[PDB]
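Single chain ahead, by itself, as structure tokens, in the form deposited without the partner chain.
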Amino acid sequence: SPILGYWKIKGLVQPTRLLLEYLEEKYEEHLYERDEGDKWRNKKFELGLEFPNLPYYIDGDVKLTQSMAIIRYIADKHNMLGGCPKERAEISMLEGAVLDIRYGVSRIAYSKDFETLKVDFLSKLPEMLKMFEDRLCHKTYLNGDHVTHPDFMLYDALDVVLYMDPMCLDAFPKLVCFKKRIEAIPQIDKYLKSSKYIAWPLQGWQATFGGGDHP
């Protein structure tokens, strides 16, 4: 049974959790609490990891880091990355465009100047969301009729960005509607209501935005 190691936060790994749950995949978690950085520094080089980091995925022999390699791998095992170069690259484009939002948040969230940097990010964010709103015009999910992993990436980014600004989706009905549709997927619905859902923090606990024990 594979292992997903990460902090007990949403952060980089939350979209991978959602995808594991959507595929009804078994996995145990190594969850590093806020006060358990020492427990991590003590396992870091003892896991057989060639690029030691968090998150890590361990599928006995397959010993993986980098959250994007991990999410893509799980999708790969279920044959969900694309059937030719073209489709594979559209998925990788969806992927990276979502990351522009999610990393956009992460890159300012630990800054002393978070509050002012917030203004410049929320100015840009409508252009970014519009690309996704247009893609979902006549298209149920990001890649058509079936879920792919960038759907869960997008879901995660909308969730996070709605804490930063509760009104940032009011111009984007198809995006509001996408977020609900992911929530209605029976597997996802059971997970978000379960003991395993980590509601908070969005970021590391020490962050100006999305940190702390509670919202």
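Rigid core: the largest C-alpha set superposing within 1.5 Å between the two forms. Residue numbers count along the first chain shown, from 1. Compared with the form deposited with the partner chain bound:
- When the rigid core is held fixed, the Cα atom of residue 63 travels less than 2 angstroms between the two forms.
- Remark: with the core as the superposition reference, the CA shift of residue 40 between the two forms reaches 2 Å or more.
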The other form holds:
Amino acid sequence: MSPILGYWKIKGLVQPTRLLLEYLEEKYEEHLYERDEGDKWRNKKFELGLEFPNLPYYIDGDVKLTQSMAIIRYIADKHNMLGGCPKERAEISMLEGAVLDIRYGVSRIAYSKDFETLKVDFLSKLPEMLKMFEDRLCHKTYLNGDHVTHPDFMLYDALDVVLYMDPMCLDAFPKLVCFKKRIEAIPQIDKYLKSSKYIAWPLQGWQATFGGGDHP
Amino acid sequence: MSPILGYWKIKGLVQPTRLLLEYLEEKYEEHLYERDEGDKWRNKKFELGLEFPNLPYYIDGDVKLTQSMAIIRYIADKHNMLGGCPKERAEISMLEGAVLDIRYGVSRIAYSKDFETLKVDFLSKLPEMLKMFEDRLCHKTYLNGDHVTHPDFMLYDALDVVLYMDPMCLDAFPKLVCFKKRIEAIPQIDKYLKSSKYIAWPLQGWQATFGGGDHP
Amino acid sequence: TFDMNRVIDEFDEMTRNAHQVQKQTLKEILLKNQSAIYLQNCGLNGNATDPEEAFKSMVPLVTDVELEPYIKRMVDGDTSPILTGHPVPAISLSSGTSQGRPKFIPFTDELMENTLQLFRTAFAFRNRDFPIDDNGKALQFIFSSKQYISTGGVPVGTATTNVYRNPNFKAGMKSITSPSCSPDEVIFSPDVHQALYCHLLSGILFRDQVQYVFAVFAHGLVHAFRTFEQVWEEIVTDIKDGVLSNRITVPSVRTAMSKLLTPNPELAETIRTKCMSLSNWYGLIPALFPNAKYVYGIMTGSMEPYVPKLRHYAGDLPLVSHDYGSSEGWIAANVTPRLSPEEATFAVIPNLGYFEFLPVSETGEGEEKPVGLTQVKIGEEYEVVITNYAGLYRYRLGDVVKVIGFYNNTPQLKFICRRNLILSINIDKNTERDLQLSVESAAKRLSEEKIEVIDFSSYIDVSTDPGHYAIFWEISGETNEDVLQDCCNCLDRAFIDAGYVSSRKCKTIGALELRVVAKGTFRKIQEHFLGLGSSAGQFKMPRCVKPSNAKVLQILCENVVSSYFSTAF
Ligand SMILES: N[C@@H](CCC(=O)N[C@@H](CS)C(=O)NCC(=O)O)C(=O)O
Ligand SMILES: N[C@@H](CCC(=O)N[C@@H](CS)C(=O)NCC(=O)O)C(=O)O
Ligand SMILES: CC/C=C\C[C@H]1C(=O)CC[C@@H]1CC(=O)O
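Next up, the form deposited with the partner chain bound, please; the one we just looked at was the form deposited without the partner chain.
All chains and molecules follow, beginning with the one already shown.
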């Protein structure tokens, strides 16, 4: 069976995996619950043969999968991009750690509490974390070298995320923007932005205090 | 130049790692920084040169890495575990991921002010994922094996910790208690459970209103 | 004061007296273009009873590389002409290239005077086969919105623009042409893309009376109606409410429309029902306007692949080919409006320039000795050489044409040129490989709004300290300004050559400036280039322009959708 990816009608944790399919030119199929189909999969949860009910899930010829951490790993390696050493798949995961803590970080409470009040305390601790990737990247085109990679894709989602959060988040580290554009530079992913599959927003769940609603 | 795992005297991110450094029978040394060594936190990170700043940190004689989830797969590959294997890497991670939802779920609440209401509902939401774990375990002794891997103590940390906050959450799952029974049964871990190195509390940094503080 | 048959009379008598009139005009340029030390050290001194034959062997031919240094003088800091005549009001970039570099030709007053006269001959001959209403207006895609000041403090400008912004534009064209849909202010408007849809809207507002639909070539109309096909629902929603959309940011265009904006629910209903009913958007031009006579533009040479799609848009209506002319000079005119575009051919104007022709025939190519235009042999192909008042003396464009026939004694021509390409070595290189990857790289962010890039260019600015960047971009539709800023940064890191990229990184060359020119700009310079007096096949676009290039230069500073210096560094 050909690759089947299911996810919420949001970019979400699923942007890096959908985006990684296209840099890799991997072809995929999509089943997405719309405005109220999320509840319907109740009956479908234990009848899917899936080990642990949730989204995303992944039915192919070879395996039954779910969750963002796991799916990114499984797809990339078959296509030779999960990592090459004890040191660097770790480095990958660490860089994953860096984007996720900041991204799962915006999402602690972006659809919860007063996001603006909690914005200020987190936008108080972010400069170091943002400044770390900009200093490491001066000699390399991206974080790890010369061919675009998946840490960059959650990172792509990432850069979008503090900038929609805070427009002038990025006033003092200019390198990241040209760099996002260089990962965005690959022809195929551009065309899918061009194509019908591209969904600009919301990044998080539909009902979000911040980043929520059908229309910006 | 014995390998350094550097971290606070807290369960948190490092808890799966300590016991597990002993599974591979690998040499290691510790730097213990206390609640009162917050002054240490400002002054240590870049003085030894971290590109990606975070705790916990672990340096083998040649490696530089942080972030709990990243540290774990690090330990596993040194134990020749990756190479790659798909299902399990994606299934360990899924298994791990359900618990990351559990582990970071408690960490979400970890800095929260109320705690009790978030936990009981965290408790209300625990039987789903545990049942997903439960329906994994019966044919064999533990979560995915015969003789201990890395993913064990994390669910354990998760399940151990959750047993402390509520005494009867594991009552309906007999297979999970043998599971609890099984790792305290293997020679190295129970033997070191009574040693000075063993760390039981607190679950999060002492700042947490619950699972912080002092007494089990 | 235009008389329809009198202007054709001047042309008709002229075609009959072509030989005499031409040697006189040869005498004219010779009497006029003289005292530049270039002409005299080439040997010229004036007059005699010996002005033609001795000239061709004696006085030397020119190419773009040799022509490059002398206006280079004029454009840079100090206006110092030595090969043309007067210090030029504006300079013109010529098509093809100079060893991979920008081409140089001066633009004079006579052309604007020649513009009025050639066109005057054109439409009058057209009017005998296509009678017109004198009180009507026309739908024309003509833009003169961009002007720049040279490093020497001199204006540089495309042929077309220089004419439109000239003090004599209105008096010279009041009697002889049907009014533009868009106000002149809108033809001069900072946003030609926005001017493009509003002028188009302007057309629909007076659909019953319009007699023309105009651009210089076919594919520009084509892209326009794709846009119309793309944004027509956008047009009618604006009309129902009577409020112009918020996509539109430019000061002059929104105020024009606000005055022209009255709630018209009904028109939007009429247009909407009619527009959706048609199948596969083939030929919407007469439907929108029930009384228009024709579609006007260039339809030969490189336009042949674009002829079916204009035909696609044209349907059953007669196709009229625009006269063949340029910033170098005006060379030919269509005096046979009834004939189709494929068999169409353009009449040489006797008094505008001395044309001699470099022989191609015996093998490939040829060095055979040249002959006069009327003295040229029927049915054979030769590459034109031009001596005129644009300071061009024996200038080889590098392009070959065939003789279809004769309006009396003056030849009509067909141009099978679709590429005249020959090249050498460029030192603003930065090759196309790298530029194409770079422009394409920065392209995706705009593409998030389903908009794609039409065209690209770059510039060498020695007025500024330091010499630097300057990028041109044409896209299908309007977009916000912040995505563009970031695009500038990709372009900033995209060019990868050691010298350039090291300087770029530490701002030894200024931080990249991104200015978004409006749509059809490059299309308009393409308009100029195919018409280049020669063999109608001359459109290959220089991708980075020296202080030395020219069409592109006028364009860069004012007509900015937005202008931003690097959001990097
Ligand atoms: N931490 C877990 C949980 C992530 C998560 O919340 N996934 C959502 C999709 S955005 C889900 O599966 N929800 C299932 C439901 O609707 O109950 C993971 O990374 O997969
Ligand atoms: N995802 C990251 C986030 C880790 C994190 O926030 N760590 C805390 C320790 S629990 C920290 O370093 N805090 C800095 C401090 O309190 O000084 C990871 O797991 O490493
Ligand atoms: C009267 C000529 C004025 C300007 C130049 C151009 C237009 O306005 C339409 C085409 C015409 C000829 C060309 O292509 O050189």
